[PDB]
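Generate coordinates for the entire structure from the input sequences, incorporating the hints supplied.
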Amino acid sequence: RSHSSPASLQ
Amino acid sequence: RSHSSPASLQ
Amino acid sequence: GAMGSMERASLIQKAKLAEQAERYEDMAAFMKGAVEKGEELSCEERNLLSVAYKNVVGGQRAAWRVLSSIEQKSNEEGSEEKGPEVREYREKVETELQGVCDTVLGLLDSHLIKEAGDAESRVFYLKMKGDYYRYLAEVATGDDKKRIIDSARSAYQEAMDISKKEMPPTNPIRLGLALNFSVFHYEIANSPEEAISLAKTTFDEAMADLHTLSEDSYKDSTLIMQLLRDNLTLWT
Amino acid sequence: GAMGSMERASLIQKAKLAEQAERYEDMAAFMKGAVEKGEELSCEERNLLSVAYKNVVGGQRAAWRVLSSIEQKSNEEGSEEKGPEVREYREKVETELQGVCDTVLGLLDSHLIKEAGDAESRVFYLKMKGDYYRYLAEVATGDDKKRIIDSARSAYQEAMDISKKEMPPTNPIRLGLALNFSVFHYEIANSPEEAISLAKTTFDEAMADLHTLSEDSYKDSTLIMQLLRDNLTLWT
Ligand SMILES: N=C(N)c1cc(-c2ccccc2)c(CCCN)s1
Ligand SMILES: N=C(N)c1cc(-c2ccccc2)c(CCCN)s1
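Chains as they are written, first to last, in the entry's author numbering: chain P, 124 to 133; chain P', 124 to 133; chain A, -4 to 231; chain A', -4 to 231. A prime marks a further copy of an entry chain.
Just so you know, the hints here were simulated from the structure itself, not pulled from any lab data.
Check each hint, because a few of them may be wrong.
As the list claims (entries may be wrong) - Short, incomplete list of chain A' residues facing chain A, as computed with Cβ under 7 Å:
1) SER5
2) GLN8
3) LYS9
4) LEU12
5) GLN15
6) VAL61
7) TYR84
Said to hold, decoys possible - Simulated coverage check for chain A against chain P', where a stretch passes if three residues somewhere in it have a Cβ under 8 Å from a Cβ of chain P':
8) 32 to 46
9) 163 to 176
10) 225 to 231
Quick reminder that beta carbons are idealized off the backbone N, C-alpha and C, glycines included.
Structure (structure tokens):
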């Protein structure tokens, strides 16, 4: 499975 | 913390 | 109940699927529906019931401990006032946990225990009764805590009496019961010496009976024996 | 809503407590209540909203994949008929997942996106819109799947257009958007070459801008860049 973004971004 | 039993027993 | 229209066999099947999907709230709802069909449960079905509710209450207990710790820190000397929110949310989780424990106890009382005549079913259910009163005791304060503790003790003691008369010392149900009663003594009843004695005697009597077991049974019994040993290492 | 009587600040506080306790369904309910107060969300609050719902839908997606696999095995040649239960339970989880996605999309449409004027808020919300349409696309079959895919694409594309005009190539929101749009291309839109190209260009343009960053910002940007690289390794 491909990696998607973490939920928390700054 | 103390160890207690697993839920499944035979 | 919302499961009243589903076949017993379908509820069991879906509980097993829910387990595979790590959907333990669903698993518990399916097994509650299965119990409410009114038939006794097989060994496998009792284990599904226990797995489901242990996982549900396990998440609640872990959350309660996180919140209770934050709350105790908030009540130290020198900590800032942050309002009623920590207490309110700890109470919300606590009330949900007590609700799950009450549900399990209600299934045991209506009517799993009274129909359980074989040692393996009766001890299993009485151990469960002790466990869910123990989980209630973990969060209890005020005027009923003593009675909750005594309810746990009474269930565990009845289960112990049956197990010692009717099961060999290596029986995994007997072992898991003794393990959990020892935890009750140590963590709930302020009786560490009783906990240590029970764990030691249980371990030693099981050791002496391992020679009677097949390879597969030996693996089952020694797994629980290792938990007794782990606790003894922690407690001594 | 059941949160209508609770103060906005108390909902935020309790969302943070729920995060600490790993109670993500509660966290999401608190953040939904906070959104419904009608005020815009700060950066920290947007992140709490996203963490809550990503964890909820993440558990649902994982469960759906387990069930969908069992179902596909059940429909092979030579597999036994086991009744409608696998399909029914997969559908139950699917419907709950779609409900969560629809809830998030509803919050974005009523009225987070239309009030978001700064690039950092608007791109964040449009990325979220693309993500939750993508999660709908993962389970979609039948006559609306093409439209769901196009809705994801359209949201991601609007977010990309803003991000490229208004943010530096190392901005973590821009990077996470490009990462997720590349996943959309690879996993949803059957466009692996587009996915690879986007990931490569995003990585290289960020690399060339790292020299402008503080140590702390460098850590934030390189963390997401490594995910782009991990996908490129998987895809090539
Ligand atoms: N689905 C589960 N979790 C379990 C099912 C069973 C079981 C299966 C057949 C017959 C009796 C019991 C367990 C026994 C406990 C192992 N130590 S565990
Ligand atoms: N409670 C959480 N999970 C998070 C909170 C925040 C935040 C805190 C202050 C200001 C803006 C954002 C995160 C930023 C993302 C890190 N990469 S994450």
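Which hint numbers doesn't this structure obey? Result: no hint breaks.
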